[PDB]
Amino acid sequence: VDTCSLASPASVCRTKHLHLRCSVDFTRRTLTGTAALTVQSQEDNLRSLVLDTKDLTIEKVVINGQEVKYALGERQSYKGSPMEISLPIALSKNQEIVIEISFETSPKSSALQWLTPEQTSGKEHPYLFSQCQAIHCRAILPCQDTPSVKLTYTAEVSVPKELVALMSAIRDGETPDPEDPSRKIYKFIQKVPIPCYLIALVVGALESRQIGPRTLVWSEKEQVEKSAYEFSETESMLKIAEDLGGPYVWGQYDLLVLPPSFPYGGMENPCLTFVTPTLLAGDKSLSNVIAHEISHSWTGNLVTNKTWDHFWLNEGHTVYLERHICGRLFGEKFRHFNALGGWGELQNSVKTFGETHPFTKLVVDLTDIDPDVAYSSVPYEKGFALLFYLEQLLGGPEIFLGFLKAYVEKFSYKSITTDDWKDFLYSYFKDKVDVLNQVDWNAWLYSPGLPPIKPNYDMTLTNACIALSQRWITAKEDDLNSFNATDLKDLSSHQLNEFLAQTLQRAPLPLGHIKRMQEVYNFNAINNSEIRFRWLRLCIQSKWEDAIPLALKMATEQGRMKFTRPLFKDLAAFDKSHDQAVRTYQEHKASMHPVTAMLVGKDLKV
């Protein structure tokens, strides 16, 4: 049972196809049109069904060319309102019908952000983008909003003619809108069955540049050239992903670089990955996020978690493939360096939540929990830790990558549970069952806190980061003079970040140490968002008032939750910046992404 969905379950009826016909109304901040759902009964004598909705206005529901009865139920908080439809004729098992729903979205849709022209790069045109994961699709259109159901889709989207529409689908042409010559209709086809959380839309002043045989980069013109360079490894990473995972089935692999308020590093929308502009470091150093999004083309998009309780299946396998792609590109010592970094990130997560907290379990129970509230590094890093440990238990990366390919193959176009994964693991490694039987499954899958066993990690690239961090932590005032710009001489940007992550784990440091770091290392000058993020965190946590405006600026000039949430949190916890932090949030709140606005609000207890 999917405890995040109010719709009829897959055992009752299945959506097979969505045809979406809509217009994007920027003056009203609404999407208006029709969702025609092709629905297959899984039951005998089916007379009604329920769909998820959230903040939708339903005009009418039509089956066989006649309006039918429906009802919207009481709102259930973040789940929205169940929509029961009365079918005009009882269906037998496997019978399919088309249900056409006339709807309009609300300006407050939790799936959508609408930006004024001034919130964009060009300053001339407004911009819309969606983000449906986990359960925000109901906020765009009525649907069985559960990843246990996979469907194909087609769409025609009417937009102001000077603007461009894109979706998580193959572009299927454009014409002027016969009903309004100030408009264009963009058309789309997604013929690979997908969970509805993968439905995506952007409308804006978009341009494109080709960067590979099957990849265009899209953004506002101001960002095109930089994006093309930053993401040029994309094809090389695809070929590696295909070798590890099997054929890329989705046709194109385009990238869209969003405006700065996009809430995540990336979103694996099929045919069109969405990424944050915080990746634009200028040197391709944040490309693991591309490797990650590519990897989802197999783990997540082909093999899908059945409910959000098993999100780790999506994230853990993706991070595992991610790290392999980067290891292939940059060497096994680097994969290990990043693997160990992730364990670091997990200690952070477990420390923040508390070692007994329910969100630190690998498999969570989302009954009455908002997924956006439960969301964290845990499913990513505890999932990865599990796989890396199993990798080391069963004979190394070559062997376990055999399993990953078999696993993807076995479960393509399907939605699965942790038990499905574990069943197949045991079947695949039948001759290694005794060894599999040594794993403390109950602790790994169901217990809170750090895993019962830490994997083995090569230390090569990590040592210098630990060594420098230890020098700073153990230093007294008369040692500060010994620190010097040349300390960083042989460290890559990755290592600079790990050094800062190491140090941040022991924060606060004395204020004088942190001032000295700025003096000798000039971290204030680094634009790499991962580094700047951790450095500003260390500064605020060490009570440096100078850093207050820098932290406020980064928190608000971009909206990647990864960065924005802990920066506001740090600023709220520093007494000198507490008032300004609350004030700043309150001022930006209306113009933020709705999910980000919601979470920063809870975070700040405002």
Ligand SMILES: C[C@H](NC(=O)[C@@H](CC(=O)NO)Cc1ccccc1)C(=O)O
Second form
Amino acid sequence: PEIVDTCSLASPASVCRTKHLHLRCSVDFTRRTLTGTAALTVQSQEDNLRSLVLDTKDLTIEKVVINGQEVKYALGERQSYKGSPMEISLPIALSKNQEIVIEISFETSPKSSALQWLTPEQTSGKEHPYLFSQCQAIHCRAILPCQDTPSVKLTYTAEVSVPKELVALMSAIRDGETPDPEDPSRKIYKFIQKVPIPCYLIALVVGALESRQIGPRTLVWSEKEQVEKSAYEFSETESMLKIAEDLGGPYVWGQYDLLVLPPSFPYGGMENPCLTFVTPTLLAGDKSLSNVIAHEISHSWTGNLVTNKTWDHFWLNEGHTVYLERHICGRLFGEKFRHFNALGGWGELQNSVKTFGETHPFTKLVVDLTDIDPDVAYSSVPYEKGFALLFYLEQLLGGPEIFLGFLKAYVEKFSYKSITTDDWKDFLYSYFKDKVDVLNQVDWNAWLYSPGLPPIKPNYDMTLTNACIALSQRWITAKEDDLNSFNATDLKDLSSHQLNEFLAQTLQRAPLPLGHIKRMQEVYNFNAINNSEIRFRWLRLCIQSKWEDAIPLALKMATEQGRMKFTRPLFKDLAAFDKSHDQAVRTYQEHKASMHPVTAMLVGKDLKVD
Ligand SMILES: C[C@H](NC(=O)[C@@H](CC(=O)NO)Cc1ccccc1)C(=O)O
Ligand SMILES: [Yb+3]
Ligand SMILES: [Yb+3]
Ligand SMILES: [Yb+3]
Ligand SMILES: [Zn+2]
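So the form deposited without this ligand is up there; where is the form deposited with this ligand bound?
Below is the entire complex, every chain and molecule, led by the chain shown above.
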């Protein structure tokens, strides 16, 4: 069974493996560089090992030290988004299982794709700068030299020097703080991660952060202006951790803290161990976007404990996490609610497949990422096709209680390891050996490796969806003389989730006639709704239906936050509207230099600019 990581230029785990990183760096805001040493404890997996190769991207290497002396190394030629391989010549050949420590002195580039450096103007407080990282999938190599593949798990410690007014946090347990001996305007924050993790989980923030406690093992961190609102928004967090522990087994990471990032954070959430990062666009005021916390919590088992061996197997991380996310929300709010969210996810899958096209290779569950940048291929597919496959399997094999038994056993089986789809499938067959005849009914080749919508759609309870579908059908089939029958009372029995689903249904049939959209604004006043998911879908419906009044609203939401879920389609829709096209491109050009580097790249590709 031969499997190597095609996104990594480092020596693979079969040659050598990193066991520990001790990181000592200083955050230089004047220069937008992180400077320090990465000491890697590396274990040879081979006899007579004399060299090894590490991933780097846009790093400046000052030197490499083993056994107190400088050693030879060479940087290869850059291999586009993969970066440049660093070969290091070991001073003494290693036997199998021998471990050494390699200390690499390095400096990042200001344009590190792992990092966003924010001026004071780009923060809430307006007095201090801010830095955050995002290493998933393959940007850890833009921060430090490493075997940048999830097929290798290491523990880590780190000492981070920062201006003394600021606070540093990491994906790790805080292990104290002191004044910096070599510069008193500074502080050193120390950190310890005792659980082996893939390098994509290394995370760093530095900024003017304050914390508030919201449960026995949870602090919320943000700038001061966001603290009170974040505490309320994420108050279900401890109750979700308890349900998750019930489903997954023991939470092993100690703390579960939340960090609410500035608005340019590119994702809804990122499951950094001990410190989940979230977008401030979750702060709807009513806890209605909390499925995102349920999702990040669930990664504490599926993803951070049982990890995909390479990114071709990313659905293992996300499809399982969505399956557990939806169970948490099902426990809190009922089984009809789990089916409603499950049925919504099928529609998001329809969208993604329609968008790439039904034979596009990114619509496959297991993807081949050789020479594909993971950020380009990134979509809802591994989430929703992965969830669809699990929910189909749940229904085939006897229901949620039985399938949840399999999930817990799966996590116990593969804790602290990195696995492939074939490892998952083999264990699925082993666990359900008394139901192999059922298992053999599944069209594995189609579910796993075929493009498009899955060969079979699961059964979904429709109770909560029906009202959404009816209202959306009323609007789609309305003629001019029917617009007067709509009224704000149409919405009185719909939850925010149902309103969001009404908009998703209607957006799938966009455009609507412009008079319909204007009437919808007259009677429902969707312009007033600040809930980001609902506002996103409503602005998209308005732009796709060619409402000029919506252009400044859509542009302002595209640029005042940077969650890619929202920014990328808003910009794409604005460019596809002839009236807003020149402005969409201009606004992108003007904002580009102060955007997140990955977001800037993808919006550029979407708009075909550069
Ligand atoms: C498209 C994008 N997706 C994410 O941010 C997900 C990232 C993730 O998988 N974290 O674990 C986390 C997530 C999971 C489920 C719902 C929303 C967000 C987004 O929502 O902005
Ligand atoms: Yb300690
Ligand atoms: Yb009529
Ligand atoms: Yb150009
Ligand atoms: Zn996830």
